[PDB]
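J.: Take these sequences, add in the hints, and give me the full structure.
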Amino acid sequence: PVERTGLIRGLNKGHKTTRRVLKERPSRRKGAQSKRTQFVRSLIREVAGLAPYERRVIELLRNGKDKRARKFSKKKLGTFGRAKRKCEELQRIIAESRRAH
Amino acid sequence: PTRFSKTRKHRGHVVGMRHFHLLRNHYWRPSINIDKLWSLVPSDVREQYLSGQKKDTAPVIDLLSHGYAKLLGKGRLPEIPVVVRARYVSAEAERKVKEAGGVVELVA
Amino acid sequence: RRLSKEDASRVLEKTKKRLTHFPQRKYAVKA
Amino acid sequence: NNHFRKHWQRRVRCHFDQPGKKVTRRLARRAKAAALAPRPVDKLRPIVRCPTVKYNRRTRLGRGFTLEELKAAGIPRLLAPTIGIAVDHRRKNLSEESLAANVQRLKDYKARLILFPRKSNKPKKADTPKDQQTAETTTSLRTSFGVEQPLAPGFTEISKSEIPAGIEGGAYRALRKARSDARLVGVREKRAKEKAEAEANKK
Amino acid sequence: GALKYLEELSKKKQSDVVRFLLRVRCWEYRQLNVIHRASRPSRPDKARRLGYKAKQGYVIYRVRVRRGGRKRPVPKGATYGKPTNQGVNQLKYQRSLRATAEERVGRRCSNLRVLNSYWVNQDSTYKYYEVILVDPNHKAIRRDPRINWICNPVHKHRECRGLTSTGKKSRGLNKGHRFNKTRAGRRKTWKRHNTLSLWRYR
Amino acid sequence: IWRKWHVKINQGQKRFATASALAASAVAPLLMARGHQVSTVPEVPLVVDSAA
RNA sequence: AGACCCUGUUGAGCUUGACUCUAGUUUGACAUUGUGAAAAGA
RNA sequence: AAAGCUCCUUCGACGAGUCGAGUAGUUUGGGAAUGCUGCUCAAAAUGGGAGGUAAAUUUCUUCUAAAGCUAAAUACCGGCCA
RNA sequence: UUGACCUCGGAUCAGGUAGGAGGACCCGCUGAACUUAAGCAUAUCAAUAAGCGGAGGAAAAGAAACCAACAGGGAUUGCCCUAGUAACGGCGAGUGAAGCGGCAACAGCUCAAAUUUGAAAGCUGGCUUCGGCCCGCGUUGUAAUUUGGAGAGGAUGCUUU
Numbered sequence: 010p011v012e013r014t015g016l017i018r019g020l021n022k023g024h025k026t027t028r029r030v031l032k033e034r035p036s037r038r039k040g041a042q043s044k045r046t047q048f049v050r051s052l053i054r055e056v057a058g059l060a061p062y063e064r065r066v067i068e069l070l071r072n073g074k075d076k077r078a079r080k081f082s083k084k085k086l087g088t089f090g091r092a093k094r095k096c097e098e099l100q101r102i103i104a105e106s107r108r109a110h
Numbered sequence: 002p003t004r005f006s007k008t009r010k011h012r013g014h015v056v057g058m059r060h061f062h063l064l065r066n067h068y069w070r071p072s073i074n075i076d077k078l079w080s081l082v083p084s085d086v087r088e089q090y091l092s093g094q095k096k097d098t099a100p101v102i103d104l105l106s107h108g109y110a111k112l113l114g115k116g117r118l119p120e121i122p123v124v125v126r127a128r129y130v131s132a133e134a135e136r137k138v139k140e141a142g143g144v145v146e147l148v149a
Numbered sequence: 095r096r097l098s099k100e101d102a103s104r105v106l107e108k109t110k111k112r113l114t115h116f117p118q119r120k121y122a123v124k125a
Numbered sequence: 011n012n013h014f015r016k017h018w019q020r021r022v023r024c025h026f027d028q029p030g031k032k033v034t035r036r037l038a039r040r041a042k043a044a045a046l047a048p049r050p051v052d053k054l055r056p057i058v059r060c061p062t063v064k065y066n067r068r069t070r071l072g073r074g075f076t077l078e079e080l081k082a083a084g085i086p087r088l089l090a091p092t093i094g095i096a097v098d099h100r101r102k103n104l105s106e107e108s109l110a111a112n113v114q115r116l117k118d119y120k121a122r123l124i125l126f127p128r129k130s131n132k133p134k135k136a137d138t139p140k141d142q143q144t145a146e147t148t149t150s151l152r153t154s155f156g157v158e159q160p161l162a163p164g165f166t167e168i169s170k171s172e173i174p175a176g177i178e179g180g181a182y183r184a185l186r187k188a189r190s191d192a193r194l195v196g197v198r199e200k201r202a203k204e205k206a207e208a209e210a211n212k213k
Numbered sequence: 002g003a004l005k006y007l008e009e010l011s012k013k014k015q016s017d018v019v020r021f022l023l024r025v026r027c028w029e030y031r032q033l034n035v036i037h038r039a040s041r042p043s044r045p046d047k048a049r050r051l052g053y054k055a056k057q058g059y060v061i062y063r064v065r066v067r068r069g070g071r072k073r074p075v076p077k078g079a080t081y082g083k084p085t086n087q088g089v090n091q092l093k094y095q096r097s098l099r100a101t102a103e104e105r106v107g108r109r110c111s112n113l114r115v116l117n118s119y120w121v122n123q124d125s126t127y128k129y130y131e132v133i134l135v136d137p138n139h140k141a142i143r144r145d146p147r148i149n150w151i152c153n154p155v156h157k158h159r160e161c162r163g164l165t166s167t168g169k170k171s172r173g174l175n176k177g178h179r180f181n182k183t184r185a186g187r188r189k190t191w192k193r194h195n196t197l198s199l200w201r202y203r
Numbered sequence: 106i107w108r109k110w111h112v113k114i115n116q117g118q119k120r121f122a123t124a125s126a127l128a129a130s131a132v133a134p135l136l137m138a139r140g141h142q143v144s145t146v147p148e149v150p151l152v153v154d155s156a157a
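As they're listed, the protein sequences go chains Li, La, Lh, LL, LN and LC. Per PDB author numbering, the first sequence runs over residues 10 to 110. Per PDB author numbering, the second sequence runs over residues 2 to 15, 56 to 149. Per PDB author numbering, the third sequence runs over residues 95 to 125. Per PDB author numbering, the fourth sequence runs over residues 11 to 213. Per PDB author numbering, the fifth sequence runs over residues 2 to 203. Per PDB author numbering, the sixth sequence runs over residues 106 to 157.
Since the hints were derived computationally from the structure, they do not count as laboratory data. Note that CB positions come from ideal geometry on N, CA and C, so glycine has one too. One should not assume that every hint holds.
Negatives, chain La to chain Li, calculated, CB over 10 Å [stated by the list, open to error]:
#, residue
1, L81
2, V86
3, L113
4, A149
Using 30 Å as the maximum straight-line C-alpha spacing, the simulated DSSO-like pairs for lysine-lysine come out as follows [what the hints assert, rightly or not]:
#, chain 1, residue 1, chain 2, residue 2
5, LL, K31, LC, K119
6, LL, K53, LL, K64
7, La, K77, LL, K64
8, LN, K170, LN, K93
9, La, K139, Li, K25
10, Lh, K110, LL, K132
11, Li, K85, LN, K56
12, Lh, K99, LL, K42
13, LL, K134, LL, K117
14, Li, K44, LN, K47
15, LL, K102, LN, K176
16, Lh, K120, LL, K129
17, LL, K129, Lh, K108
18, LN, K169, LN, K56
19, Li, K80, LN, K14
20, LN, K14, Li, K74
21, Li, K93, LL, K200
22, LL, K200, La, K139
23, Li, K25, LL, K81
24, LL, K203, Li, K22
25, LL, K132, Li, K32
26, La, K95, LL, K170
27, LC, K109, LL, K32
T.: Below is the structure:
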């Protein structure tokens, strides 16, 4: 950790204390992928397939309309970041399909 | 009381910005002038300093311990060196401290 | 219609273990 | 600005039962003390520093001790609430000073703690022997283990040769320079990155 | 454990198999009664995570409720007070259709206690829910410390007072600044704020 | 019931009034003006021994 | 203390391309809504 | 037979028509930052929510939602006793 | 043909439960108008009166998807203060919190997501000689272990019932 300057204003302001590094709290471990979760999620993907709007975004990304796919994903999902994550996940899906074929 | 009222006597004869979610704790900085600076010292030791019986020792005053954040420079200081612990200080306050022979260093 | 005393005093097994090994102790603090 | 435009008389609360409620609270406290004798009536509380820039000058009592404080004091997390020690699992020790103060507090509590055995006939090694079970005791942990020095000592003496020289340029100048750097930090990496890109382009 | 697989597949509600089963079960439940007992939960993973157990004393009731907004029961659908700049078609009930489903299931079988409920299917006209109920008079229930809290008389009709999960959601009992008015009870907080406290030595 | 029944008094004024009352209690003419029968009292203020 | 006249921050009943609404009616879209073919295209 | 402490290569499952987005009604000090409900769309895995001005990019700080229990301090024009 | 399930039924079957009263306080739902704004469709009265459903001696809330930006506090509830402040408001009458701080009282926990698989170890009911035995429920999961504060798998040597 960066040592504080001991000032009331400016960069790194605050009273000087000896900072400690802590063991990572297990509550903050959420979001990490596990082997069981990864295997189950991949198998469930193979069992179930894709949504109709997911297939539409697949078609747009195969056709090369990346901005149109991002716009359609944002319209469907409601969030630009979620649209970007869905688009990159479908890039991974298309890449795996191409490397399989 | 009813008996003192006048009714008893009258018996028979009738801009700028909008700051959403303002937290006052952000802007907490009480200020103290240098003419009240020696008042923070207890009376006996302050009397000894103003009398002049201790020539080799200088007082250190923490404003945040007394509840003040900024040292202002209204008034004049005696010729006694005083170390002052402060978060903020004004330019002529610190200048009059330098004339008095002390120093103002910053704390947080 | 109230629960019986025995059913009200039924307690879980891990709680029983923790009450067996770390119960509320009798203690005092010096002055 | 008088807010009496509603049916305010329907929800007027008077406080004639203030002495009666105080007597009731005192009777409840006396009953609690009689039930919990010889233990103190309250739990041991740590010393913590108040949040925000207004109150960080002062310390106070917290909810409970942290798990790393208990581990450094040698008290397990299951034995701790049974000997009058409050436990707070949400609070963390981000600094060494508060951690050291709280572990010293717990060590003093453990040194002053008298622990009676679960069975009188069969005492154990961690339990207090009967010849040392008798002493003058306290019943108020808030009083015996209170915050002794809540604020920093605002009156200290140093020698005149020990006077600090001070920051160069002046304290007001240092404040203004720190504020200026804080306000102008981002344009400085922006200009530095532009200069580095220009140097890479025309090296 | 297969329940993890059921969870992850039940997440994908737009897949072919899930849409097919939802369609056929919607038809079956539409042909059945509005409130009827289900012999076993059709979503075992959701029932288990909401608190159902394979023990004598747990009952599942399936229920359908008409969806949409609410209509104020005035004759000829028109109000004769001040103009409102809205119709009766745009009135919104402040509780969920899931809570209404819990109401009707509890009234149908009042000798039990509603534990929770969950969405199972929906169509244009109805929404379909399954409600878990626990019998407080069954000995296997009364001997189990994980569930015998519901045998206390304070838990009589939790869904009528909003003590189920949808009740907490509709009452807004969440910590934080976004829930300043309703985290302790809206009417209680309003009465606390509008109460004029006058002390003796004022 | 929300009429002002109680009156808040400064503690300094309370202690001042108590001091004035105790000072008046040592004045034998003020005892007569008060109306007590203190003619046979040996001394004012009257002190009795704590052993009795 | 009827009737008549005059006044009102007047009340109430009724009418109308007076104002803002609304029941009802009409139009468009979305979901309920599934299964195939035969073509036209990209 | 259970239970606690200490150390560690490693593992570490954590709640879906749910969160979120738009819209309408209602409500709020949150008519730029509130909550609830209906309709439509509809999520993810260091992910998600929040950080009271809309958005993009790079960071940081906090917790770990969509399952559940729990006394006390608090309220009391009903009933009983005083 | 004889059976085994699954689902749906019948029975004055064996054993139980709910209705109504009360409703001052409590949890919700629904919901005005007089009144104040010159009048008045925003607003105010008021998220009130009336109406409806549901508990208890308290109820509810409650152990952070919190507050903060600090040297960080640390479940819920209530009092004082914050504060008539931030903020909202036709043509303005007005409306109006929250963090921190002090106090009263303080208490922490249970599941789902894991295979016991070298042994469903779990539970309702009937008969009892009170030792137990049967009919069943349940593998579409009852026991034990774990809940993020972690825990699981090893190593280690002492402590507790």
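J.: Does the structure break any of the earlier hints, and which numbers would those be?
T.: 4, 11, 22, 25
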